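Colleague: Residue strings, one per chain:
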Amino acid sequence: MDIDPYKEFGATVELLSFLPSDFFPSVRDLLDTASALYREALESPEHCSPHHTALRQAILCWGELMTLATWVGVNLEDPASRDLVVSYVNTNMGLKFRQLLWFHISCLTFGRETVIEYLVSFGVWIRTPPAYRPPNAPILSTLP
Amino acid sequence: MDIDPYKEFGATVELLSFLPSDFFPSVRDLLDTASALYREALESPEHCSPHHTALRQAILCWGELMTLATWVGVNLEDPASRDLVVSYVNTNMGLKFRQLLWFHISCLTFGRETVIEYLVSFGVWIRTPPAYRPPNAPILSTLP
Amino acid sequence: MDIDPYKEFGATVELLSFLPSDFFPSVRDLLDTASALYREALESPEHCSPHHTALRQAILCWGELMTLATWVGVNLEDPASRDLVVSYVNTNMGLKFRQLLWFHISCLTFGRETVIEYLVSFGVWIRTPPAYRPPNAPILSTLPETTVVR
Amino acid sequence: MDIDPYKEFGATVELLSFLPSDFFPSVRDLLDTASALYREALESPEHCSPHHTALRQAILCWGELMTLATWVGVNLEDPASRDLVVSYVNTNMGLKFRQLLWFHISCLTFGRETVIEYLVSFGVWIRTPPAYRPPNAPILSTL
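Top line first, the protein sequences correspond to chains D, C, B and A. With the authors' numbering, the residue at position 63 of the first sequence is 63, and numbering never jumps. With the authors' numbering, the residue at position 27 of the second sequence is 27, and numbering never jumps. With the authors' numbering, the residue at position 146 of the third sequence is 146, and numbering never jumps. With the authors' numbering, the residue at position 5 of the fourth sequence is 5, and numbering never jumps.
By construction, these hints were calculated from the structure, which means they are not laboratory data. A hint or two may mislead.
Listed next, with one range per pair, are the computed distances between beta-carbon atoms [to be verified]:
hint	chain 1	residue 1	chain 2	residue 2	range
1	B	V13	A	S26	22 to 32 Å
2	B	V13	D	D32	55 to 65 Å
3	D	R39	C	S17	17 to 27 Å
4	C	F110	B	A137	24 to 34 Å
5	B	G10	A	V13	30 to 40 Å
6	B	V13	C	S81	57 to 67 Å
7	D	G111	A	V13	42 to 52 Å
8	D	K7	C	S81	36 to 46 Å
9	B	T67	D	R39	29 to 39 Å
10	B	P45	D	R127	57 to 67 Å
11	B	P135	C	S81	49 to 59 Å
12	D	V124	C	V86	44 to 54 Å
13	D	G111	C	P130	51 to 61 Å
Just so it is clear, CB atoms sit at the ideal spot from N, CA and C, and this is done for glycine as well.
Using the sequences and the hints, build the whole thing.
Modeller: Here it is in structure tokens:
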């Protein structure tokens, strides 16, 4: 099964590649935003939304990966190898889950259509070469 | 954040641990069942069901966990350690994911209420002394 | 004060004295059935049923007995004495609390009248001599004789 | 499970911790009161009240604990460890069970709301410093 966790919603892994890897906030900041804005909804026993379901699952997924990495590192005896494996994790699983959490939190806060239009607009902005790129990058906001 | 994944479906980790650990089919068997029965639905751009969303997320998480495991295993060179770490990841993460995939596949196939009643019935059955319980173990079936 | 814990429910200790020890699941299995089936109602702040009240009190006192026995054993210095106290508790209080928890869980699941009818039938079966009673004991279950869920 | 034996009624263990450990009457006095006032109600085949159910269970299971304690003491070696066992049984199980018996008997006799109000009032009384603490400790009464 070649499953794309976004085509269920309307985006694709290549639509989120418009945003660079250095754009997404850290996992700590994303989970803090989740606990701040959507905590009661996430622990509610209701199917509040597909975004809520996917977000619950993703949070538990990162919990499992962090448990595994912590146990492996605790049993590990070589700190250089520990740094290498934590860099590998943060590079691949870290980036993938930062993408997932950014997408779901933003679709909950501002809206799925707005998030997809923002993806297209930021793709345009980041494709435009710097000499002709506006200093005001596009951003999701509920204010003028 | 204290997220219980089964809660939004009406179940609990206490209810899925109410069944034995060696009852749940292997992760390969469950993934094969998923690919054989609901591949076109898991790869389709539709919120077919909360079970479909949770199943997509669980499959992707198992892929990521196995990716981390095989990467660290290929980079390491200790066979006893391979055995220890594979046993650890199995008995914890593989058990959690066996419970998850079993629950979701069985729900999609038979019914959420049917799966919950099966949980309670099979638990009481395994706990009842043999001479005072029905001789055959309970099992879910589509054939009338 | 000559209190019968089942009398308020219409059963009696003489009616539950026919069920053999092998008929009841272990105290751990019964407490697990409770925790997995009616935990939300047993921890709730509202009276749900006389069975729920009696079951709460039974679980609490089983815990207290267990803590007492654990303290006694930890203090004690003889392995044979530890085995003896464990055997005594498991044959005197273990069986009684198995009876109580089984009764209340089964009344919550199936029904009080159904448990009482099953007790009468099991009494007949268990008092009938072996060469004259059917080989399979009467069964109180939530499943048919095929044990296949659809 | 975290079953609180008073939660279904309206009190908690945090609420009953207001009263000290030396305040509750002895199990003998509590069982004598229970007998004299509600023997026919606790021996009757009726769910007269959740308080009656809890009181029946408490009486029988305290008798169970006493049977275990007497067997252990009869089998034990020396009066030193015997009195140590008895002191442990008292300070923990006897205290908890006279808490339970006091709560349910007082509820049955005066009223559940009255018992909870009495708990709050006794908390206030026991927190007030002695120089300003009245000698008339709060007491449950009908007349």
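Colleague: Please go over all the hints and tell whether each is borne out by the structure.
Modeller: Taking the hints in turn, this is what the structure says about them:
1. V13(B) - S26(A): 22 to 32 Å: holds, 28 Å
2. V13(B) - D32(D): 55 to 65 Å: About 59 Å separates the Cβ atoms of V13(B) and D32(D), which means 55 to 65 Å holds.
3. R39(D) - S17(C): 17 to 27 Å: 25 Å Cβ-Cβ, so the 17 to 27 Å window holds.
4. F110(C) - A137(B): 24 to 34 Å: Roughly 30 Å apart at Cβ, these two residues keep to the hinted range, so it holds.
5. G10(B) - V13(A): 30 to 40 Å: holds, 33 Å
6. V13(B) - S81(C): 57 to 67 Å: holds, 59 Å
7. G111(D) - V13(A): 42 to 52 Å: Roughly 48 Å apart at Cβ, these two residues keep to the hinted range, so it holds.
8. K7(D) - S81(C): 36 to 46 Å: Since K7(D) and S81(C) have Cβ atoms about 39 Å apart, the given range 36 to 46 Å holds.
9. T67(B) - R39(D): 29 to 39 Å: The hinted range 29 to 39 Å holds for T67(B) and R39(D), with Cβ atoms some 37 Å apart.
10. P45(B) - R127(D): 57 to 67 Å: Cβ of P45(B) to Cβ of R127(D): about 60 Å, so the range 57 to 67 Å holds.
11. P135(B) - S81(C): 49 to 59 Å: Roughly 54 Å apart at Cβ, these two residues keep to the hinted range, so it holds.
12. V124(D) - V86(C): 44 to 54 Å: Check passed, 47 Å falls within 44 to 54 Å.
13. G111(D) - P130(C): 51 to 61 Å: holds, 58 Å
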